[PDB]
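Encoded as structure tokens, the following chain is the form deposited in one PDB entry, with no partner shown.
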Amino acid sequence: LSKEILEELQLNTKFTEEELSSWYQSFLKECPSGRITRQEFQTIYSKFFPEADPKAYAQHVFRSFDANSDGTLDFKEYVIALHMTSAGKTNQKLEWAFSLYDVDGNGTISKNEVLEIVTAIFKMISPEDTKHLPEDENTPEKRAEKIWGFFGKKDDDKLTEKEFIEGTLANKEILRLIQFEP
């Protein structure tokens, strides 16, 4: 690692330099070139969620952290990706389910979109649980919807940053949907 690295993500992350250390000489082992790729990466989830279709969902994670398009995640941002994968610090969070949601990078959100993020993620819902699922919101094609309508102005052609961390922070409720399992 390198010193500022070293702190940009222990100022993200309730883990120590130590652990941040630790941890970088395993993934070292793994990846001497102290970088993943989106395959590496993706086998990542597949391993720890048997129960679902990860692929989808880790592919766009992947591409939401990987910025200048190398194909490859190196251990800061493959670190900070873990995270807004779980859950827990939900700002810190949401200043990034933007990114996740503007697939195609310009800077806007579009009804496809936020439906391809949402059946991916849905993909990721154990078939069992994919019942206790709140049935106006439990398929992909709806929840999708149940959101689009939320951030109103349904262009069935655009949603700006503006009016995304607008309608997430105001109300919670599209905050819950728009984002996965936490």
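Residue numbers count along the first chain shown, from 1. Under this definition, the rigid core comprises the largest set of C-alpha atoms superposing within 1.5 Å between the forms. First, how it differs from the form deposited in another entry.
Shift analysis on the rigid core between these two forms singles out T90 from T90, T72, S99, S110 (C-alpha displacement of 2 Å or more). Relative to the superposed core, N12 shifts its CA atom by 2 Å or more between these two forms. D156 is among the residues whose C-alpha shifts by 2 Å or more between these two forms once the rigid core is aligned.
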The other form holds:
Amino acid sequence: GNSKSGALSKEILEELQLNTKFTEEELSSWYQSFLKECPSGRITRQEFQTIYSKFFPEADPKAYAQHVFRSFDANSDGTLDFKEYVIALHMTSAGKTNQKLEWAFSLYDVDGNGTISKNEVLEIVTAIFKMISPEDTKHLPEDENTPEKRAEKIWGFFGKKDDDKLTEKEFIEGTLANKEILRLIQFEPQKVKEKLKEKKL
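Compare with the form deposited in one PDB entry: the form deposited in another entry:
Coming up is the bare chain, nothing alongside it.
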């Protein structure tokens, strides 16, 4: 930790790699500031939720923030340490999606039982949908303009029956190969929005 706490930034860089938006020295600085506000270096789910409530005033981010917080162990109780908190912000707001597919699986596997069910896709798709301001949902395709439609389209693209289980192997294959699945599972609010106002006539 430099010798006086701080080498937690190495673990972060390792687990995030090129995806990092920070050097270890900057992470330590953010960490020093983090500790002035959260002395224990831990952050609860309620506190994490507040971050998103504050920075997404146009949306209803509570469910979304809770699922993101849980992705780091499928637990609503407890806390996230600085490392998981930095990685969580990166997953929702920075970098490329294709480097986040393994984490995306953990996000979609709500109960953490190793596979994704149809209902879990709907729960997450709904949470992400609520991150879109009412103003933008009108630019959304007819067959992708409600949580139900989006979630069923994703399930259909995976060629699944109502009670089938979706594995990580297939989730990664499909999110990489089929760009429509990518578009529909997309969890970064800005990316959903920016594609939600582009394309072609």
